[PDB]
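This document opens with one chain alone, in structure tokens, the form deposited without chloramphenicol.
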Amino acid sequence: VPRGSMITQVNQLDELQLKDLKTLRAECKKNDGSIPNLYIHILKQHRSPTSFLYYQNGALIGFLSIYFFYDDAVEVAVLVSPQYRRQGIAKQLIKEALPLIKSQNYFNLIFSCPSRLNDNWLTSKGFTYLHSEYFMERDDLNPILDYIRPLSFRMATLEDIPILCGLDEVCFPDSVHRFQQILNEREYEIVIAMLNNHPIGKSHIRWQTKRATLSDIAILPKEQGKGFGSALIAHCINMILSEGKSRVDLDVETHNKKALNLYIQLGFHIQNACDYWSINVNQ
């Protein structure tokens, strides 16, 4: 019923809009299993008008936002209340966002999509699958037994920049500045895995009060398949539990779901899974 429809276009979300968006997020999560990446901490800050809110009678039923991370693409999050899907809401929101993307002269759009939900018809429309991002959690208080490999583990320091940059150069090709900034945030640590005296991998740890989060996990391609990734992740799990945390979270990017079996074996369960699909503007 169009009388009650309205689209609000904003530079940031006030506290009520954030509450509304979190309610919408929750109802999509229950229907879909996973949700797009919304970067709530970015929406809360004033930016210089990339959030588009669809209300029906003042109830938030649709949301789209644009995120200028890349220098030659833009990330797009779109969510529509399950009650109101297939009525053109997502298409209305994308149309509102396009002028702003064109004006910035970006031409490539990258959408984060709940795992498995849309693959059939994203393919039809010409989207290209890029990779997936999985957020997992291990809520077991028991440490991981075994998984011992001939590795030593070191906490990285500002002196390990060559080692860290070398690892990233092979896995995931200004890394000096990024590792310096990470190593200067007291919530972060990086564990380096050594085989004899050659660095062969690393994992980042972000510490919070009740949990810690593993990310940016790398094992050199030529050293994979020897148990080293499992040994490093087990080392990290046990380090986190020995500080008294009750949860280990994990953020991993993969092009293939089978790479996830390692983490399932170590007791992780998926809490959120997104697939990233790109498309050029003129479509």
Contents of the next structure:
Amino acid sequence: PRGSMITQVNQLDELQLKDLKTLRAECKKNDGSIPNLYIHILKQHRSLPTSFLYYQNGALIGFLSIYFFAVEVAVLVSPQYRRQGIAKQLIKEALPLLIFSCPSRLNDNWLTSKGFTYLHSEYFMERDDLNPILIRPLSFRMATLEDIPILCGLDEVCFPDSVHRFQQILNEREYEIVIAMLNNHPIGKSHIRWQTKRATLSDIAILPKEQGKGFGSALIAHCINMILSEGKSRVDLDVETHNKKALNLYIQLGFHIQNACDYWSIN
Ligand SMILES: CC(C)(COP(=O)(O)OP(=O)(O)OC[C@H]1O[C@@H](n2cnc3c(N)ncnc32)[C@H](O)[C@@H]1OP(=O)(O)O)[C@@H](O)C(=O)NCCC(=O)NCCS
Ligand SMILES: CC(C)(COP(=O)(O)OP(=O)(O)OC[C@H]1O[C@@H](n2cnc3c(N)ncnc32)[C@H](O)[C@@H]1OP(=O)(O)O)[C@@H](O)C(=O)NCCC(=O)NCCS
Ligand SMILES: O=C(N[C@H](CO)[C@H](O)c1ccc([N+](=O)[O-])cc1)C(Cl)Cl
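Instead of the form deposited without chloramphenicol shown above, give the structure for the form deposited with chloramphenicol bound, please.
Now the full complex is given, and it begins with the chain already shown.
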């Protein structure tokens, strides 16, 4: 009680950042997944004091932060000190001034009972198998700037400023987009962000009318193989869903869940 301290901090200096990662690892090991913390964000000054740090005897045991992108609340309490009022004190420090990101399966029963509402879930998946995948009537090509109409059309029906977003992606050298063609019709796309040791698939879209035919799996399998041919040892994948049933697609291709969050809401 004497040794318990809450500091409201407009931006995390270096040392505060290193303590958070200690707390994150600890929560990661105990819960399996962690909330979104947005580390690169936590370093910038903002207009109101945003991150809330709970210390016990100088040791960080709780953290709550608010993000301005609606508002996203991330809350993290050391397993040793849970159910002792810590999160409750932490939101009050942010109540006079809500989308919670939540480790999948941890808090499902009691979030409903209080009147939270489930939005959707996000998954970071990883495929570490170095063996390729080993046949649909699809061809593939890399998108260019002259594919902007196609790319905007696909994004319109699969994720209801697209022109300039795709202009920005296509002009960034770490990014490429693969287009899937059914005969002479583009029916899908996948974005690749390349790094030295790995590459990340995102924004995978198949036209609604062409779904259920294996084109999605063929597209991702093509991107996996393309990544392995370049000597990467890992394919990552970010996908947002409303239902867990949707992940079997990626489980079949060798992806494993590395992190999983459910976005819940309240006011
Ligand atoms: C979710 C989390 C932040 C709660 O921290 P906490 O300090 O243990 O929660 P508090 O003690 O402040 O509040 C407890 C109350 O909120 C609910 N609550 C919190 N944890 C609960 C749990 N395991 N089971 C049921 N209700 C819970 C209850 O209403 C509880 O009532 P109580 O007063 O009788 O204890 C903590 O469990 C954690 O860090 N989990 C990993 C990250 C996470 O799930 N973030 C989502 C944030 S909502
Ligand atoms: C999500 C999406 C990309 C999937 O595309 P899709 O072409 O319908 O996916 P597929 O047809 O390849 O696979 C669907 C199911 O058939 C299975 N499948 C594919 N090939 C199979 C095969 N040879 N044998 C058995 N099952 C197969 C898959 O396992 C999958 O699940 P199931 O086992 O329960 O049946 C598509 O729905 C879409 O574009 N949605 C809008 C955007 C979106 O949701 N993006 C999320 C990724 S960022
Ligand atoms: O949440 C999203 N994206 C990122 C991953 O690209 C995710 O939220 C994230 C947040 C914080 C973080 N961190 O704290 O280092 C990592 C990933 C949206 Cl695509 Cl829903």
